[PDB]
Structure formats: structure tokens, C-alpha cells
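**Student:** What follows is each chain in one-letter form.
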Amino acid sequence: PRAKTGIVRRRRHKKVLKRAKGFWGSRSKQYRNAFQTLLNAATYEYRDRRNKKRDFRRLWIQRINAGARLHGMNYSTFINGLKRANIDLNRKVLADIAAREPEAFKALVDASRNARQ
Amino acid sequence: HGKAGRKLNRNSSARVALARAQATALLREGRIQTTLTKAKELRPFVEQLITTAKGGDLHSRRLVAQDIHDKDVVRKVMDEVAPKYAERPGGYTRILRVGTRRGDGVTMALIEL
Amino acid sequence: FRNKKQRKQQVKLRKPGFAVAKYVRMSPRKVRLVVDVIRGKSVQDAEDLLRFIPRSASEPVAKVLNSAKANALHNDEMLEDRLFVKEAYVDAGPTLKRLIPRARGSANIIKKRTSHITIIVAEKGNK
Amino acid sequence: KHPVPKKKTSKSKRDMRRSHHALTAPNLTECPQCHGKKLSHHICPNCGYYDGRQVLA
RNA sequence: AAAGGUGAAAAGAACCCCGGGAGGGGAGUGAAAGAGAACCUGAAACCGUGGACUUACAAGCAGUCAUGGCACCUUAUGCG
RNA sequence: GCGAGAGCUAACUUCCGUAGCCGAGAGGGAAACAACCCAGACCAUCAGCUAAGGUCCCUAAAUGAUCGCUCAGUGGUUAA
RNA sequence: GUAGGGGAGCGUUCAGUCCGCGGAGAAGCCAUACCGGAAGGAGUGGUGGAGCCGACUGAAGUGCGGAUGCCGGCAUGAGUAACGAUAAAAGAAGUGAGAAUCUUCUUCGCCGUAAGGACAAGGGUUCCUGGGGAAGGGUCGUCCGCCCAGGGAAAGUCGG
Ligand SMILES: [Mg+2]
Ligand SMILES: [Mg+2]
Ligand SMILES: [Mg+2]
Ligand SMILES: [Mg+2]
Ligand SMILES: [Mg+2]
Ligand SMILES: [Mg+2]
Ligand SMILES: [Mg+2]
Ligand SMILES: [Mg+2]
Ligand SMILES: [Mg+2]
Ligand SMILES: [Mg+2]
Ligand SMILES: [Mg+2]
Ligand SMILES: [Mg+2]
Ligand SMILES: [Mg+2]
Ligand SMILES: [Mg+2]
Ligand SMILES: [Mg+2]
Ligand SMILES: [Mg+2]
Ligand SMILES: [Mg+2]
Ligand SMILES: [Mg+2]
Ligand SMILES: [Mg+2]
Ligand SMILES: [Mg+2]
Ligand SMILES: [Mg+2]
Ligand SMILES: [Mg+2]
Ligand SMILES: [Mg+2]
Ligand SMILES: [Mg+2]
Ligand SMILES: [Mg+2]
Ligand SMILES: [Mg+2]
Ligand SMILES: [Mg+2]
Ligand SMILES: [Mg+2]
Ligand SMILES: [Mg+2]
Ligand SMILES: [Mg+2]
Ligand SMILES: [Mg+2]
Ligand SMILES: [Mg+2]
Ligand SMILES: [Mg+2]
Ligand SMILES: [Mg+2]
Ligand SMILES: [Mg+2]
Numbered sequence: 002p003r004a005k006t007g008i009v010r011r012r013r014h015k016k017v018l019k020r021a022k023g024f025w026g027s028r029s030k031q032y033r034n035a036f037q038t039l040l041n042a043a044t045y046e047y048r049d050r051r052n053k054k055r056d057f058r059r060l061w062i063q064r065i066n067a068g069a070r071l072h073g074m075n076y077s078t079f080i081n082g083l084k085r086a087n088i089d090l091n092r093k094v095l096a097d098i099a100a101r102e103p104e105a106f107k108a109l110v111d112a113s114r115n116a117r118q
Numbered sequence: 003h004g005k006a007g008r009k010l011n012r013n014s015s016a017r018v019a020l021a022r023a024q025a026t027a028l029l030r031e032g033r034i035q036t037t038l039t040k041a042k043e044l045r046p047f048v049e050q051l052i053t054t055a056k057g058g059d060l061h062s063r064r065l066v067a068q069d070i071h072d073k074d075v076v077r078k079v080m081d082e083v084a085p086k087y088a089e090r091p092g093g094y095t096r097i098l099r100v101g102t103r104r105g106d107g108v109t110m111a112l113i114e115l
Numbered sequence: 008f009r010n011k012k013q014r015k016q017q018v019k020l021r022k023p024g025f026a027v028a029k030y031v032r033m034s035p036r037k038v039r040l041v042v043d044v045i046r047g048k049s050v051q052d053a054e055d056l057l058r059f060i061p062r063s064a065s066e067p068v069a070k071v072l073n074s075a076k077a078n079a080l081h082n083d084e085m086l087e088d089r090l091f092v093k094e095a096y097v098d099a100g101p102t103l104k105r106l107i108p109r110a111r112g113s114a115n116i117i118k119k120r121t122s123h124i125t126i127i128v129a130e131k132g133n134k
Numbered sequence: 003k004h005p006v007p008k009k010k011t012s013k014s015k016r017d018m019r020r021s022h023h024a025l026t027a028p029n030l031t032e033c034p035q036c037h038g039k040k041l042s043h044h045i046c047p048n049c050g051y052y053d054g055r056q057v058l059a
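Residue numbers (UniProt numbering), protein chains in the order written: chain L, 2 to 118; chain C, 3 to 115; chain Y, 8 to 134; chain P, 3 to 59.
It is possible that some hints are incorrect.
Pairs of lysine-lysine residues, derived as DSS-like cross-links and limited to a Cα-Cα distance of at most 30 Å, are as follows [as the list claims (entries may be wrong)]:
hint, chain 1, residue 1, chain 2, residue 2
1, P, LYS8, Y, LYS118
2, P, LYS8, L, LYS22
3, P, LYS39, Y, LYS104
4, P, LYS13, Y, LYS118
5, P, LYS8, Y, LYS19
6, P, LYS13, Y, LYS48
7, P, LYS8, Y, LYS104
8, L, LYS30, Y, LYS48
9, Y, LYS119, P, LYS39
10, P, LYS9, L, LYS22
11, L, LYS30, Y, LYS104
Covered stretches of chain P, going by a simulated chain C footprint (3 or more residues, C-beta under 8 Å) [said to hold, decoys possible]:
hint, segment
12, 9 to 15
13, 51 to 58
Just so you know, the hints here were simulated from the structure itself, not pulled from any lab data. No residue lacks a Cβ here, since even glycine has one placed at the ideal position from N, Cα and C.
Let's have the full structure, built from the sequences with the hints guiding it.
**Tutor:** What follows is the structure, given as C-alpha cells:
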């Protein structure tokens, strides 16, 4: 017996192509360039899962430093200050305190510069 | 660049045989239909030729006869029309824009006395 | 309605103010150049502009315009003094193909394309 | 010799190029007599009027 | 060399509308003309019309991640 | 890199010995950069500590401390 | 983790058997935010108009992006080059649904040991009449060496 392709190739193809909507020009309409674009997309996805974990830490840190310095303290000195007084806060959380709740962040500042004295 | 006249994608002899044929024709029948341009280019050659024929002497006939090679038309422009234009300081003709043709897209036009 | 077949019996589709010239031996992009002037415009206007547009295509398109008019008036009892070109477009017919010789032995293929002109008339009140 | 294009031109490009092929619709006036339409400084092709009446019928 | 397919049955569309015609819109037949003779399905490339959000200080393998704006609500008011 | 020959104690040179890496190695650093420095990625996380390398702004992190040096932009490429 | 070795599977036709669907609508096609560790798999809806899914087992012409691969369709270059001798055209008139291109008239221009006339070779109805206009004509055609029909070719002495 013989077994043509029948139906499989087009299903594969549409699969790729349908992953690829919103891609510019032929990248979203031609199979091969879709499939290709997608390989590179692979790289970018995996990488950036790790990397976004890298990025958000960064952000938190920025905000923290800011709040720190509003009340006359560097960030680094603020964080040894916190570790000294064994306050054990996430910097995600430290950021959110710093940004959202003024007086509270203030209190943590005073506690930390005390731990520094 | 103050030069004057139209090349009309033709050689000097052609250019001449043109203005002569179309002069002969306009004078043979009071009004003709032709490219708007060829009209523009015809008006002052014919108007002048009229002013020549407006002399009436034999010189002015022989003159006209060089440009207009058909006896009957010469005789017409000498004896019939020039004498009519008698009192008009030139402007012996006028031009009308009919408009676009089918084959080649060209604004035709009408020229008459 | 319960069945597709049921609908296919009960309704019958209508093409209200619509005519189509199929297989016009012209090129779409050309014909479009003309059509884009006609479109949105109030049928009378279209009738005129088509008489003073100096493309060839202008003529087949004139003809479809009139066919859609005579379909909105007759087969649809619509109101002339309220008709406008609701939509119009050109798509590609089966394109004629012919060999043409070239220099040395080479040959080539001219595509005498073809065209489907479509106009759709429709009444316009503002309210 | 024999230049040739390096790369297919995108549908997008090609069409950006075409941004100027818009035909210009006639400015059209309505004949002061027989009433259809005409071009400025041309003879009204319906009647034949240009003030009195020049082209024929 | 390429070449295949109306419909169960030709009942193959009388007649009316625009057009020289081509083509089409009706009507009538048919279960269906979402089968009309360029007639089974009719994918993709490719060409267009319309609508959503968008773009005229911009350096780009066109993705990917994060967030904000708008829009939308049939495995859909959230993980969207 | 270290050990030699060949070579001009030239070569991103050639031919051997030896360790490591690339090859078949992603991740951080060295602006960029197979090889160098840190380091071997089973997957998920908007969690914590570190390595080399860094903490004026682009750019995460002391415009840190104390005792000096250089004033030449040396810093930010060579010699008698 | 490259060559390579090993392991467990996904999907495709055909085949046997079991289950079983299908005009209150099959396969195929189309959309989709659901499912599975992946090949993949279902739900619903639109299409279509007569066949087909699931399970176990068997056999393969069994899975594609590459091969300046093969066949086919359609893009780009692009409304670009070009429209095939620089011998040349103008008006009127007619026709016609439509004419710069067809017909008539008047001229103009170009060949004239030729671009005129008559044979041969070759071609094969291309000749004449009447009609036609899809394509062929490098535009357009109402015209044609194109399409349809009907006519036309006569030898004791020319050639065999
Ligand atoms: Mg980390
Ligand atoms: Mg020219
Ligand atoms: Mg018909
Ligand atoms: Mg019925
Ligand atoms: Mg749009
Ligand atoms: Mg600026
Ligand atoms: Mg802007
Ligand atoms: Mg070497
Ligand atoms: Mg590496
Ligand atoms: Mg690296
Ligand atoms: Mg870097
Ligand atoms: Mg290197
Ligand atoms: Mg350190
Ligand atoms: Mg900083
Ligand atoms: Mg492995
Ligand atoms: Mg079976
Ligand atoms: Mg089957
Ligand atoms: Mg291929
Ligand atoms: Mg090639
Ligand atoms: Mg090919
Ligand atoms: Mg152009
Ligand atoms: Mg060009
Ligand atoms: Mg050019
Ligand atoms: Mg040119
Ligand atoms: Mg020619
Ligand atoms: Mg010429
Ligand atoms: Mg008539
Ligand atoms: Mg000619
Ligand atoms: Mg006559
Ligand atoms: Mg001869
Ligand atoms: Mg014979
Ligand atoms: Mg033609
Ligand atoms: Mg006729
Ligand atoms: Mg003949
Ligand atoms: Mg005899």
C-alpha cells in the first residue's frame, strides 16, 4: 500500500502559523519563516524566564535605594541595618513598603540606623 | 530661452507640410477639428497668410500661392475671405476645446474664423 | 430555524443593489485606479465622473454602475434620488497567458490579466 | 553590468511607493443650458454650447 | 504532454431588468442554484473591500520579557 | 599557559610534549569578543546568599572610611 | 551536549476483529482562550453533502524547509523596459454601440534594376463573395493573411 501525506503536513503547518500571529510581514504568513522566527523565539522565551527574575530584583532594589535616601540613608547601609536588627524582609516587600506606605518605611529606617549605631 | 515655435516631433520639412496642409484645410472649410496643440500652432501661420492675402495685388496672390498649393483655395482666400476681413485688425481666428479622445487620450479642439 | 437545509429552503439569498462584470479583459490595478474615484459617491456623480475620466477602464465600470442602478430600481424598488455607491471593488480573473519571443533564443510569457468589477448600490438617508 | 534587484520588495514597501497614484477626479461643472456636465473652458458635450452653440447636436 | 466530477433526474433557467456583447440581478425549476453549465469539496501562496487598535524625531534578524493604553467577551470576566 | 625545536627568542606562524577550555558549553565578567576569568543550565517562582567582576550618571551596588602618591588627563597602549 | 549507541512512545494509509456513528448530516476544509511530558488530542460553532471515528492486532510507497531538487500556481522587479528601421502625415466625408487605426474624397510624403511586374522552389484555400469579432494583430479596431459559410481553379498545341 502507499501512504500519501494527505493531511498531516498542513496540520503541522497551520500549528506553527497559528502560533505566529501578530508577527510582521512574512514572519506570520509564510510557514518557513514562521517556523524559523519561532526557533529564535524559543531562545528568547527560555532566556527571559530566568532573566525577568533578574530584572524584577533590580527594580525592587532601585525603589528601595530611593526610599532609603529620602530619609538620609544609603541603601547598602540600610540593608545591613535591617540584617543587624534581624528584620527579615523580601526586597519585593521592602520595595512595596517603600513605595506604598511612607511612615512604615520610615519606621524601618529608624530601626535600621539604630541597628547601625 | 526665448525661442518660439513647436518641434511637434517632426523634421523641418514635415513641420512645414503640416502648417501648409492644415492651413489649406482650415481655409477650404471655415472650421476644422484637430489636436489642441496643432491648433495652437496653426492659428498664427493662417492668421498671417490671411493678412498677406489682404493685399489683393498680384504679389500677394503669388506669395500666398507658395504656401497654399491648391488653386481653388488660393482664389477663395484672395477673392472671397481676405476682402471680408477688410475691417478687422487681425484676430481672424479662434479656438475651441472639445476634449479627450478614446484611442490616445488627447484633448481635441476646434479652430475657425 | 432548525436545520441548515431548512434555511436553504425557506430564505434564498438576495444581492440588494449589486452587479458584477466578470472576466473583463483588463488589469485590476488599472481598473481600480478608476474605481477609487467612484466609491462612496452618490451614483449620479459616479455616472458623470465616469464620463470624464480618461482611462479605458472607465467604460466597463460605467456599465456595471448602470447595471447595479437597474438592479436597485427594478429588481429591488429603491429610490434613485438617494442611491450611492455603498461599495465597489476589483478582483482578478483567470489571467490569459501568451508566449512572446525575445532576443536570441529566449522566450517570455505575457500575462494579459482579466478583471472582476463589482459595484454595490444602496440608499442613503442621513437618518 | 546588468543590475538586478537584490531582494524581493515587501508588499508593504511596494504599496508605500504607490501612495501617489491616486487619480484626480475632474472638476466638473453643469452646463448653463442643456444641463448635463462639462469641463471648464471646454464645450458642453451634451448640447454643444459654449455661449451660443458651437458643436453640433 | 495536461488532461476527470452540475443534478436523483435536464426538470440545462420561458419571461423581465442594465449591456453591442460579455457578464450579471430577478423570476421559475430544484431539497439545495450556499448545484447554472468557467457547474463536488475548494486548503495555502498571492490580489482586494470594510472594521478594530495604531503609526509622520525614527537606527530595526523584527523576536522575546515587563508594564501602561485602548478594545472585546461562545473552550471568555482572567491564568484572559 | 608552561616545555622545546624550526622561524627573526616574527606571525590569529609551523611541528612535538603537557594542563585547561572551544570543539560538542548555554549562564555572569572581560564595551563588543569560540578560546581568557567565574562557573557545568531536569522544569516552575514578581524569593534568599555568593563567584569572577563591580558600586559618580548611561548601568545593579559606598560620590565608603583612614594614611599617603601623581597634576601629567599620566590614568587611557613602545624603547635606547 | 555534536557524530554514535540505547529506551518509551506520537501520527499516517491499508488489513483483520471488536465497538459504533452518519441526511435531525460523514470524511475533508475553517475559527478557537480547553487537554496531555512531547510527537499530539478533544469540546463547541461555520463549511460541506456521503461516507467515517475509537480499540486491539498485522503489513508499509508512512511523517520534509532545504538537495542551483520535480510538477504546479502565484508574487518581486512595475504600471517600470519596450511596442521591431526616422519613408510622414493632414482635413473632410461615411460607417458604427463604440473609430488617431475601417471605408471614400482631396492633398501631402517614400520606393521606382524597386519597395514595380512575371516564373521556379516552397506553402496549402491563405484567392473571390457574404458575414463575424472571443482569442491571434505588440495600441485600437466596426478591419485583417484571423473565425463561419458558400463559391472559385477548365488545355490535342504551355510544363510533366
Ligand atoms: Mg539569580
Ligand atoms: Mg513620440
Ligand atoms: Mg445572458
Ligand atoms: Mg421552491
Ligand atoms: Mg484596512
Ligand atoms: Mg530630536
Ligand atoms: Mg511620533
Ligand atoms: Mg597557528
Ligand atoms: Mg560560553
Ligand atoms: Mg559568554
Ligand atoms: Mg555584555
Ligand atoms: Mg578570538
Ligand atoms: Mg569580591
Ligand atoms: Mg545606581
Ligand atoms: Mg542530556
Ligand atoms: Mg480499521
Ligand atoms: Mg478514508
Ligand atoms: Mg521547497
Ligand atoms: Mg539562479
Ligand atoms: Mg517553477
Ligand atoms: Mg507612469
Ligand atoms: Mg526602476
Ligand atoms: Mg522611465
Ligand atoms: Mg519609453
Ligand atoms: Mg511599427
Ligand atoms: Mg514617429
Ligand atoms: Mg448614424
Ligand atoms: Mg498609422
Ligand atoms: Mg465624399
Ligand atoms: Mg517585387
Ligand atoms: Mg495546387
Ligand atoms: Mg488588441
Ligand atoms: Mg457592425
Ligand atoms: Mg482576403
Ligand atoms: Mg482550342
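**Student:** Taking the hints in turn, state whether each one holds.
**Tutor:** Hints and how they fare:
Restraint check for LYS8/P and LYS118/Y: the C-alpha separation of about 24 Å stays at or below 30 Å, so the hint holds. A threshold of 30 Å between alpha carbons decides the hint, and for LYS8/P with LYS22/L the separation of about 28 Å falls inside it, so the pair holds. Restraint check: the Cα-Cα separation between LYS39/P and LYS104/Y comes to about 40 Å, which exceeds 30 Å; the hinted pair is violated. Distance check on the hinted pair: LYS13/P and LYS118/Y sit about 20 Å apart at the alpha-carbon level, within 30 Å; holds.
A distance of roughly 53 Å separates the Cα atoms of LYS8/P and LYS19/Y; the hinted pair therefore is violated under the 30 Å criterion. Between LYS13/P and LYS48/Y the CA atoms are separated by roughly 29 Å; this keeps the pair inside 30 Å, and the hint holds. Simply put, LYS8/P and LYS104/Y have alpha-carbon atoms about 27 Å apart, close enough for the 30 Å limit, and the pair holds. For the hint linking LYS30/L to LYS48/Y, the alpha-carbon distance of about 35 Å lies beyond 30 Å, and the restraint is violated.
Between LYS119/Y and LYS39/P, the direct Cα distance comes to roughly 35 Å. Violation of the 30 Å bound is thereby established for this hinted pair. With a CA separation close to 24 Å, the supplied pair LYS9/P and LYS22/L stays within the 30 Å bound. Simply put, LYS30/L and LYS104/Y have alpha-carbon atoms about 28 Å apart, close enough for the 30 Å limit, and the pair holds. Coverage of the segment 9 to 15 of chain P by chain C is violated in this model, with 0 residues showing a Cβ closer than 8 Å to a Cβ of that chain against a need of three.
Counting residues of the segment 51 to 58 of chain P whose CB lies closer than 8 Å to any CB of chain C gives 3, which reaches the minimum of 3, so the coverage claim holds.
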